[PDB]
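Using the hints, position chain B against chain A.
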Amino acid sequence: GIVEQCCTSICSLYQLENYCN
Amino acid sequence: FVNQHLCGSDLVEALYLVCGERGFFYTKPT
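Residue numbers (the deposited numbering), protein chains in the order written: chain A, 1 to 21; chain B, 22 to 51.
Don't read these hints as lab results, they were simulated from the structure. Treat the hints with care, as some may be off.
What the hints assert, rightly or not - Label-pair ranges, simulated between beta-carbon atoms:
(1) 51/B to 9/A: 23 to 33 Å
(2) 30/B to 13/A: 12 to 22 Å
(3) 28/B to 17/A: 16 to 26 Å
(4) 28/B to 20/A: 26 to 36 Å
Beta carbons: idealized from backbone N, C-alpha and C, even for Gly.
Next comes chain A alone, as it looks inside the complex:
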């Protein structure tokens, strides 16, 4: 999930955008 890439690793906006519904 978004948590692994962002919390376990550093994410990117685009990666954050992917999860916007």
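Positioned in the frame of chain A, the structure of chain B alone reads:
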């Protein structure tokens, strides 16, 4: 944007910040 370790609260808010109305994978208000 930024290069930080976001987790739930910080991340979710990061999404509500990024996604905004589109909502996002976690739990919207209601």
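Hint by hint, here is what the structure shows:
no.: 1; hint: 51/B to 9/A: 23 to 33 Å; in the structure: holds, 31 Å
no.: 2; hint: 30/B to 13/A: 12 to 22 Å; in the structure: holds, 18 Å
no.: 3; hint: 28/B to 17/A: 16 to 26 Å; in the structure: holds, 18 Å
no.: 4; hint: 28/B to 20/A: 26 to 36 Å; in the structure: violated, 18 Å
The structure fails hint 4 only (numbered hints given earlier).
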